[PDB]
Amino acid sequence: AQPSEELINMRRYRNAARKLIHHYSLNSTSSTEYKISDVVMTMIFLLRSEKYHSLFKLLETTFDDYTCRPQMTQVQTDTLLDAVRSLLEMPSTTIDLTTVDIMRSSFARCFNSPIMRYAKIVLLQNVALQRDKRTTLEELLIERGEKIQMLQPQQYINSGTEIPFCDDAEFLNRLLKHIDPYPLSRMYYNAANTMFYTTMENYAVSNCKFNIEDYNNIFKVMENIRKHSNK
Amino acid sequence: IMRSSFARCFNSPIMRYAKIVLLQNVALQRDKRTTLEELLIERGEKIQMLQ
Amino acid sequence: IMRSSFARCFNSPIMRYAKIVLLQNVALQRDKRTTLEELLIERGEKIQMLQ
Amino acid sequence: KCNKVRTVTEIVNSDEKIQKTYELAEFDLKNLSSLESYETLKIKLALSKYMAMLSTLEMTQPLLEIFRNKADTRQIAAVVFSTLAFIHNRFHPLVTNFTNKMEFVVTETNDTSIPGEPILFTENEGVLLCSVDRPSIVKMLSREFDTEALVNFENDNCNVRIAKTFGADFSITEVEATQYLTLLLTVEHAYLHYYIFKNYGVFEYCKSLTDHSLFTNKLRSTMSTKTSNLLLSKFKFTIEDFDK
Amino acid sequence: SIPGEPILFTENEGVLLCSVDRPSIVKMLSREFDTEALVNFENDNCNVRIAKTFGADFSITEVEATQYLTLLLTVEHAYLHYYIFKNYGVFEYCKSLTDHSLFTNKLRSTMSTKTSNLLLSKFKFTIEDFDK
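Residue numbers (the UniProt record's numbering), protein chains in the order written: chain A, 107 to 337; chain B, 208 to 258; chain C, 208 to 258; chain D, 5 to 172, 198 to 273; chain E, 117 to 172, 198 to 273.
Worth flagging that the hints you see were computed from the coordinates, not collected in a lab.
Treat the hints with care, as some may be off.
Output of the computed footprint for chain E on chain D, the stretches with three or more beta carbons under 8 Å from beta carbons of chain E [stated by the list, open to error]:
| hint | segment |
| --- | --- |
| 1 | 25–31 |
| 2 | 82–88 |
Residues on chain B that point at chain D, a partial pick, calculated with CB under 8 Å [as the list claims (entries may be wrong)]:
| hint | residue |
| --- | --- |
| 3 | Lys-226 |
| 4 | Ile-227 |
| 5 | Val-228 |
| 6 | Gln-236 |
All C-beta atoms, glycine included, are put in the ideal place defined by N, C-alpha and C.
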């Protein structure tokens, strides 16, 4: 092998690989994420350090395509997670087994269909959750509410009543001017998708499919507002 | 032939996830127009803004 | 453009005459031609910025 | 309805007339421009005010740092309290206090976590109590969830859109400030159910938490044009993909 | 840069501003398209033209002056749109600047009864070849 040309600009691969990882794993801001050749280059870039090869092997096992979950070789798995953290260069942002499993589930569909035009489709579900038992929300509602009632407040947080305010109008204006340039609409669009992802991030456990119509109702809240304006 | 085939192969978008638009239009005219009484009820403050 | 000129010309084996004026060039380094309007938008945007 | 408004004039004694006609399409355009600019300004002002108020509160360290910590009992509760007061004022500008009984609980365990609504309430187990999942809340603050702005839009009747092309110590990052909007909207959502139960019984509150759907009935004769933070209403995903 | 129109009036961004494509203008003035040794359409000369057979420091040459006509025409074409919008709204740009085209209809009764710079009125090229 001659990576001087077969790995020319190792960055060329690394950067796109990291982008893709931050996309499929966890979440990131929207982008026109795709290049099958980039996936290939991800593999090739992995083929040059053991702190890659370990991961590479783990993911390659998905070519067996069955959803069987490998044993955690506890020690090596932990060291591997550390290596992952490193290679992702993130500020130790709570990289975890669960996110690793999520990426595993992503590859559980990645290679598995040659849909050679556009799988322009969310595949929200994960088989590789701790069980496919798939019980409903309501039982978990009771299960949570029990311990919720059992818990006692950590602090006795109310006495009397007050409100804070300030009127440094000049200061306010200063602040406003400093803030002004920002493209508000786009620079809050992100938060919607953030919370949306947070939803599943919570229910990664015995999940229930339905979310869509409730979200649509949240959105038609504005329809309700207009009807109020129309009485 | 292999070349021309791979050219297509490498251009096959995959696995794309969710989205939002948000960007919106409101109304042309029938949405409640301002009415002069409201504007007067605001502007009257100039009577005391004075100077 | 010149390069592509000859790869346009040789296409014809036709000898009588060809009024044809192949004004367009296929090969201009893009997936597909966009509209003009989009370009107009995108340019004018940055254009207004300039002092 | 292109409505080429049509006009004529004459001298007295009707010596001879003149005619003209004109087109609203510029006027409506300009009105829409002014309206949306104005309302955007208003919303930005409101957010600024909120931020300033928060700033007042003597924080020793940045917000994200606060949440990344978990030893606190004051700061997070206080923040929640303040946000709730702000929202209640935005609905009742003359109203200032809630008559005590407000109490909060930190929650730490997946084995206590609850889907969707991250913040939950028992309006009276004798008195009000509330609960918060700091662990989960932290997670949204992954900045890579944030990136520079796309500029897409759709359905433009040509110049209807392009016209805008011819229409002219906490000194801290825009994206950092943008973090706040998350908790803003979250607390807003929560306050919805809170207000519902405050007005009515527990079982309808449970139904609303099963589906935030039936609200569309009860939230009438309730919002007397006191607009809320949903200006850009094209919230939507792909739908046909639901595939039952 | 912009397609076609090398000049763009922003009529009032608070006040008028205009755009100039120096790189293109330089392309146009790269010139050398020109040489006077030419031939031109004529027909039926005995009736039509044969009679026309029998009638008659800066010391710079002419080619440059010929070149000036380029910018003359360009600024004219700009002036059209500029005048129009200065007299009317923006939105008609959706038409005129997509395609100037019918704008002459608006110009009806607008011209001052004096012509400009369309003497050799048969300006045309082959059309049916479009092979759409």
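Identify every previously stated hint that the structure contradicts and give their numbers, smallest first. 2
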